[PDB]
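In structure tokens, one chain follows: the form deposited in one PDB entry.
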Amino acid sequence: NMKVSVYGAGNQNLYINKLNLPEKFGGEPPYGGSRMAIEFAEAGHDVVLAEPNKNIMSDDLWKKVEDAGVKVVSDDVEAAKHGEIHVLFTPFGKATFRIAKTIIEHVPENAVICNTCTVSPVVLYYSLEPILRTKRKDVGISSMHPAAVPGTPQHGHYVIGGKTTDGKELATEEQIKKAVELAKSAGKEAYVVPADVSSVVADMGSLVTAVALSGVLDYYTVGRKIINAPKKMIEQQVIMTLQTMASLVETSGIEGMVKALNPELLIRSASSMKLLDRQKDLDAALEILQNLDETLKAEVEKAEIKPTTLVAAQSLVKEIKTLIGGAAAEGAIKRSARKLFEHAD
């Protein structure tokens, strides 16, 4: 049994009407934060749900939350005192950071604080870092990311943030094991993933990840089995294309990156790469690029390709450490990681 505090019930009007989820995906309301609370309560845990606004959910939905055994409070500090694990199902932007900052002072010894989809745990860690580093060295940052809308049938799993690909531990092993056991007790598959990459595998952007990965693996097969390109050459091409596309969107936006890449041209080039006898990814892609929206094509036409300095980012991280280093290098790196991960502003 665990003490669990969940923050934010979920905008039910959004799930129900705007996304039309009960019709499009399945399950029944409530969805989101309250649904996670329900599930944790049903797992036999001691669950508190903090929600300042009782209007975001029908009274009948409230009843289902309480019926599950969840204690509903409107005071974040009260949930802060309760939980050994704290799950922020809280709005995009300032609100998440305000709540985290509010509870950090009050959570009990060794509590772990977890993001869901509205924030990166790396950025949440940066926002609490002055506190975590002085007054609350015991508190962990992790994630309890559903990577699905809780209450829909797609929700069979949780993404939990562990040690970053840089080796930084944001939470202890104990803390991470608690989060894992929480996900499992609710009948979900638990995935521990490096905390920096959790967003990449769990947010709505995971559509891009999965499509891009499929193109990489397709290219890897052609390169190994048909062209016989050395491993390092295939990797260099992989890095060159994805890094260029990322950096073009970073300076110029989706429209500007499309202006630079030219989909018309891309159809021609990528045609020469039909070398295996079924490449469903390539076929899909060529089709999609052939049928660009006429008004998208019109934005693209008029887009500016802003100044872009195309570089291998890890090599540039290496350069800044050995050339300037110390506190100024760390400052540059934290700002640039923040530019990468920060969800809203």
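Residue numbers count along the first chain shown, from 1. Whichever C-alpha set is largest while still superposing within 1.5 Å between the two forms counts as the rigid core. First, how it differs from the form deposited in another entry.
- Assignment of C-alpha atoms to the better-fitting of two rigid parts between these two forms places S142 together with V6.
- Rotation of the smaller rigid segment with respect to the larger between these two forms, from C-alpha superposition: 13°.
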Contents of the next structure:
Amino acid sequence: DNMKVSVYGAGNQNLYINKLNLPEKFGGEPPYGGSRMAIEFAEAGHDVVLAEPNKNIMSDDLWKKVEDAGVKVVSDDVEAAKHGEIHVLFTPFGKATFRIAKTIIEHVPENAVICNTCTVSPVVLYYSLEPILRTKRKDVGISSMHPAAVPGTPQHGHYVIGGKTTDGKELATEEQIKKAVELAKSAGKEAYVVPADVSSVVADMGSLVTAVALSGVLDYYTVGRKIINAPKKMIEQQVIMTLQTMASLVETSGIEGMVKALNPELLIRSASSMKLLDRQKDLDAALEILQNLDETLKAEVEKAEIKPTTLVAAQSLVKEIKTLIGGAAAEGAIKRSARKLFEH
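Having seen the form deposited in one PDB entry, could you now give me the structure of the form deposited in another entry?
We keep it simple here and write out only the one chain, dropping partners and molecules.
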């Protein structure tokens, strides 16, 4: 393939090189992140444009490397928009990802696909563009290419690609998803297609939380079934209640408000009595962490306010709303409320 590829954002080389010291702490050599993605795509033979308005985002010697790989660098996102059949956003969190996506959407070629990388779930990106996608650009697809490590480090061995959602929504066509997969594979990375509604949870930075929370769920699942012989449905209900309540508390009250509501001291005492099995290293680590909370953090937790939080069964509620106001109106409600939290 000789795909036309546009990458947006060179990546913050000061962060990677000078703050985090990736070369020594992880390995590889600069540049890292989006400009490295561009280099790898160009070396795989694709026709690559890198859009980066801020020339000072890396040293002259690193720009040399980008250029030597055959990457064409432009400062104007619209020029990049017109070039690519696939558009890869390596963009600074928040308004930048949404801003650039909204900037390029009116200019990308017929049937183009736009992919986020580390910032924003593809479902949220889709929602942010939905007024345009639903009508004038029904041809444009949304997907993602989550590296799961910083590109340029030896830890970067694959991409996670957001495909058809678990509830059957196709945010991009099969042809568009195949382009993302090939782009990942042509650059020697493995490519894993995952439902777009879960892709960011398995690959982005928050995967730390996913991994730790999951180990806790499995720990309890084992204790519950193998020691207590609690019914499976009950164990599942308790897991749902805990994860939902924490998510809802963070949503209304922030991390500190959530911490205030759950009360680490009380939590430690109850969780302690669940120390039963041979090795529950997750539980041991958790008890040590909660009992030695940051001095500033404890003070910031006591200052926090617990806001009104509604107990819900979320997927059961989604079904309830679909039957109540109809599929179209429910999806509208889900879209608008998702945007208000994750975009606005």
